[PDB]
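Removed from the display is one protein chain of the complex; every other protein chain stays in position.
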Amino acid sequence: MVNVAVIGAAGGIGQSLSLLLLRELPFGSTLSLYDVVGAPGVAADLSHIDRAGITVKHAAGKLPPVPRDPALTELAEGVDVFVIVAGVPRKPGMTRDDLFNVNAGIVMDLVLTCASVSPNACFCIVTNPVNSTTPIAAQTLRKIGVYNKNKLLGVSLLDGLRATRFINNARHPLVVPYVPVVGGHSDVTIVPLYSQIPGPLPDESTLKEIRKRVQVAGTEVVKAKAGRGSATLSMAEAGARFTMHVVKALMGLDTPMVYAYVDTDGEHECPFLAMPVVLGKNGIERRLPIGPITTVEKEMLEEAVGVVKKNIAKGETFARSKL
Amino acid sequence: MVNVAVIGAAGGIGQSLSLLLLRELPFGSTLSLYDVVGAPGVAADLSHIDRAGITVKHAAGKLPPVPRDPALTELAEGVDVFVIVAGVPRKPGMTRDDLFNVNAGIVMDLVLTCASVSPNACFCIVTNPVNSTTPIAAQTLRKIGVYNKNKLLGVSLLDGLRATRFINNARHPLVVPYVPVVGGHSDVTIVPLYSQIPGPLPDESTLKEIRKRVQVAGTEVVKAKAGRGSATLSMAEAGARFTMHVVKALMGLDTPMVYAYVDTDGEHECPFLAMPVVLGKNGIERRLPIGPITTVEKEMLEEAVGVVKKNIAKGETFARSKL
Amino acid sequence: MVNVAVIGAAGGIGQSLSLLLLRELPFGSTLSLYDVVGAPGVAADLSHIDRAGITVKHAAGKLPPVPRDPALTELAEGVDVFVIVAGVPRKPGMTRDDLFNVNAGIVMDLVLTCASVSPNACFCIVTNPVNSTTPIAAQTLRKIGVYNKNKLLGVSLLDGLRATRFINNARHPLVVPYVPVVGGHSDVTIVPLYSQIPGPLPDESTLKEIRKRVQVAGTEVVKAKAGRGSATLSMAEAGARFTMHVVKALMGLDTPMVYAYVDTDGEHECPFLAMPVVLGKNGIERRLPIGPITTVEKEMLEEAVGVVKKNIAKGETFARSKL
Amino acid sequence: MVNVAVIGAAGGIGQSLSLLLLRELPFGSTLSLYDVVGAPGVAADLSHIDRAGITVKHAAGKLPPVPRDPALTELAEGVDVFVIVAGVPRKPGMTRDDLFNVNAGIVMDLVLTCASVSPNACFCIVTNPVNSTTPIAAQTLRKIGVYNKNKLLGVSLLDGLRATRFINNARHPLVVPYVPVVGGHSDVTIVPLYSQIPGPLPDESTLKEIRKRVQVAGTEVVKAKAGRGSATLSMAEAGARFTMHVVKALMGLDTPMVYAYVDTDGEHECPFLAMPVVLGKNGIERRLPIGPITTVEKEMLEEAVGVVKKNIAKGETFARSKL
Amino acid sequence: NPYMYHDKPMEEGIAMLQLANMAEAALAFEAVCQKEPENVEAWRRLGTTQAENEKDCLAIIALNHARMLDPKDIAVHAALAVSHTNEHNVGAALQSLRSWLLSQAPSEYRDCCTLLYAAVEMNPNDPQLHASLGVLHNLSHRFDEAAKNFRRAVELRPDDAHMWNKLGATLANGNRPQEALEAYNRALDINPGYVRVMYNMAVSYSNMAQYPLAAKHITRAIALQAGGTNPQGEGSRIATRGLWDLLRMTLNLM
Partner (left out) sequence: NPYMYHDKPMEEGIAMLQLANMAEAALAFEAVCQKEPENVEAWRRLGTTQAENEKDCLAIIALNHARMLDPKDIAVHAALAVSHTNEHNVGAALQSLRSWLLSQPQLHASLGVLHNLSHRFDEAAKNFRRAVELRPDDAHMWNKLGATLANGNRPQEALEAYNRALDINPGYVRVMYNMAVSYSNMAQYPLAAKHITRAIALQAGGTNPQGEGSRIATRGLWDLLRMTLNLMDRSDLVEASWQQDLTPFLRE
């Protein structure tokens, strides 16, 4: 029936994501693992785990990378969900602008190869240059000829998890399940709407350091590892939750409301934004308004809009061959 | 309130097992992580998950490997469960695997200092070769003067999962939750008991090959990886499930039945074997007899005991050589 | 996708069953109720629970129950599972046979109406003397020509439930999930199997009394509450715990093995008996052989076969002389 | 380790309450039933369902009620939870004046006898005229000489269930898991709070009708039953959920925030009200402010608090007359 | 209707009632009714004959038509109750009972039994009231007392077949078939052309495992229920299929 397919599994994140999905998928599901190097290892390493009903297939890689790999093309038959997590992990001490090009190229090639067989399947991005990469996927889908404006999502639950963890730490024993987060994803476009949750907030000027932390946490993690990798576990866990939410919504066993980064229509003039939506039996069904906010966060939202405008412009105008 | 403390949480059987362990503990617990290198890099990634009620603490390991490191000695206060998985070379790049004395030394040097401050804790042995390591651990505990025959556990559940998966793969749709396995944690010295599960069994012609395939798993996984590492995720799953059983048992919330490679206490000539037991509270409570045995597996069990006695003799002789 | 119907929601055997179904049925299901009287009282009391995705439908009945009640039709349309629960339980005097004379006709029409509007739905029987009413239902169904051997079941999980509780209360601490029971659901027709569960067994003398207590439990229950009402809650806990199985077997999320009193179809001499059977998407798919038996089980099975044959003869052969 | 002492479990609601509680309570819990008639029968009927480490205990009164019977005092030792469902049949309650007299006497007698020996447990009143019975319990607890403000709770969670479903019925497919309710538990003296729910709220024209339905939902179920009973199953579900929340808070496995009709230390003018509170290891741990509300609710609060004051004044005036 | 061609079938129906099967007498009454839709006696005798032939569905309609012609007839109302009791049209049975009491469900059955007890008290010696009481106990699933009621009924007027068979039916449902068997023969002695007693005797054979006798008597009942001119029958084909199917389930026993 349902058949999730992760693109890239032998990385520092693909193995953990596959392991996590191998413990919550409904009976009778199926996995499809593809990677250039290391596919046989995960293939005949997760097949020796007892979880009845689930079948684990895989497609091996090929020689040094070549566009339009036949193995992926034949693998991608009969797939319902694609999880794009294949990208360069991290560069030793280089900021994000340099990291853009290789990820853009690889995601363009992967989307072009995958969408040519099963266009109806949903696509979920879990790379890293999110804001400037989702428009690349949109442009590729427009160029090939098929593009559903309600089946494309950029994962942003990680910042919400960080925000709720911090606010729970600062307000024990009070507990809140979710915290809304709006904007883009990269460094400052994130803004949490702490005024929209129940319970009395502690005090002003005490949420400022929280808002700084929920934006500087990624670089803090990178510093803690002394520049030899990124957060390979926390982002490996949220992606599993989001993929399960999408699959469950497709199966019709739940209709969840989730905060994601999707193309806009109607509301805020930016073509893409991280706005609350609701899932259903066929993609997105009802986009929701941001709701009542304060001017203190309204100015932050306007600045985030200004930043994401240029981010999307760069993502759309990358178009780099140079020769 | 439990204070599970993983040791060496930076390897392949490290981060993955730690992630599996994080989102299962009951509300109101506390982890503890330690290793010689990479402790902050994994502690940071776990200080961001949304789950509340569980705290994370870590200690740094000295360099180059020192004896009696005071760091772990300060971390090992108030602990209740230990999961020794540290010290793995994971096929360091040679076709000849010898000098298991390295693993022996690097397990004694830490087990002695762990026991010196937490006498009545409950141990778990995951580092290979369980068969010989376990008697080394017992002798080291005896050397200090505080040993318990009930609170020492060896993890053999991986082969049980393998056997159960392999028998489920051939009879459909009938499903069985588990399949008994006795013997060692090694080559043909391991024997599964197929004459204790409900439903009709397949004929001996395909039973012998299925029993053979369980023995060859390390080779099965390594030959696909071309010598780069071995099976990693499966060991983490087995360790996670076993430590869940143990933690639930120490709270009195469950009294399950497990298959632990533990001492015999006057029931077989061989001092150690994999005999089914029930944990309950206060460690192992009642040891169970193997039960009815088919004639075909009787000689296999005889060979298993004949190999286990030699392995125990080797482990004891090497332990006596050093102080 | 799935729709269940409970026939009789006034007595204690129907209200608790529906209450336990509603809080556990999967998302996007539809629950249908029916009763001669009291249908609005429950259809209004169960529409105020906060479970989303559940739609409650009902159709009250009529005075002096007429044949082919128009309330039943237009209500039992588009229903996937029926549970015949209607029927007055035992009352002072009024011997076993008399109750049968009371119930068969009440079942007969109640099966005749539901057969025409949906000749593809699975059936379940919960009221005593089910040993004899299942052939009555089969005879009613086969008169039309839409009788399916794979979609008729008789709920008898209660006896195995009691035996499991007794044996667990015995070898404590040693937990066992289930214990096999074959035969019918009468006093001297149920044959437990204590020779197939894992673990040791106590002395034979105590085991005789343990077996004896299973067969006559309802007797001391009615002796305890001979005033009014005998046992409704526990039986309810059976049906729900059975029904979900079938429901899941319809969806395709579980293919379990159960011990329902079903048609043997040549697997045994007696036309009807309780055998281990496995449930699939289309219902009955494979019947598991009873396997090995011990000494006293042979005698018990031999006498139970004759008693059950006599019950079937006193059952399926019904005439209603019609004054 | 924990004890739940249900009282009056042989009534209408009590049967379902006990059935729900016993099947889902955690390991090691003791269930002590009690009633005036039929208690031994239901107690025996609750020892045939399979469970692991769940012991069942009971007592029995006499046909003529007796003040301070010794049978109940033999089951009031080592008990922490006192869910009380004792009441009066609806039909011999034609006039509200008589119903208030009969229920108050039994409630005061039961609470006095229960607290005479174990003045450290927690009580959860689930009779009927809550807003009037709870001050009686507070008064008699004060009279016995020992009282604890954060160790006395009243069930008012039902209004939350009623309100939650109705919004889901109108606003689709948006789903919310909770909605606050402030006030008493009379038909009219409640105020739903729909300004604190995320998402686009409907127009006030339908909001008034939705509020009206909640303010009258109690009656139509009685009317459809033609003067028989009063909403039995739904209050059973609500009481079961609230009691299990209390149990898990006492066991220190969760820190819940719930709405319960409790005493106020000065957070609001009314001596007793229903406001969100946070539980813990010693009952109520932290109170919460009501929060911002709109004009129409600001208009409803005056009459709500006025009638609540009238009810509590009536209760305290009835008190001291027969103590 | 084969009797439409006969201008005077009333005498045919009256005379043939005793000499042979009641089936064609019912068709003669049907011819009278279709020719004289106003005579109450023709419809009353048609309904009684259909009750005699063990066809409760058509008897109900015929007696309803008779009741429209005359809402105060005695035999019309009485035969309505037993046919409704067999068809489980309980409310119809109750209105027929109250009509019969006027022509001369816990609460409803209580009212009916109080009415019957009051009527029997003022009329201690009346076979019809005792027959009504026995039929009501048949509705009450209390067949022991109905046996004594019909035993008294077959005592005051021991010269007839119908009530005798009724007694056996009360024994038939109580799994005491052997004794009623001779009573069946006794009824067969009084009238050899009463298909109902053969039906009850076949039920007895089925109860005591007499498969050959049960099958042959079921076939005899089927033959006698076709009227002898089955191609000319009108209402026989409506329900007799089930009777035919009855033999099928009987062969499913053997």
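Order of writing sets the chain letters: A, B, C, D and E. Residues in each chain are counted from 1.
Methods note: a contact is a pair of C-beta atoms (placed from the backbone, for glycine too) under 8 Å apart; a residue touches a chain by one contact, two chains touch by 3 or more.
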| message | From the list A:65, A:89, A:227 or A:306, pick the residue that touches the absent chain. | response | A:65
| query | Which residue, A:1, A:146 or A:313, contacts the hidden chain when the whole complex is considered? | reply | A:313
| Contacts of subunit A with the missing chain: which residues? | 63-67, 97-98, 101-102, 310, 313, 316-317, 319-323
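Heads up, the rule we're going with is that only the chains that are shown with their structure count from here on.
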| note | With centres defined as the mean of Cα atoms, the chain at greatest distance from subunit C is chain A
| Which listed pair, C-D, B-D or A-D, shares over half of the residue-numbered contact pairs seen at A-B? | C-D
| query | If you tally contacting C-beta pairs, which pair wins, C-E or A-C? | reply | C-E
| field | Chain centre separation in whole Å, for subunit E relative to subunit B (CA means) | value | 83
| message | Counting only Cα atoms for the centres, state how far subunit A is from subunit E in Å. | response | 81
| request: Indicate the residues of subunit D shared as contacts by at least two other chains. | output: 52, 175, 255
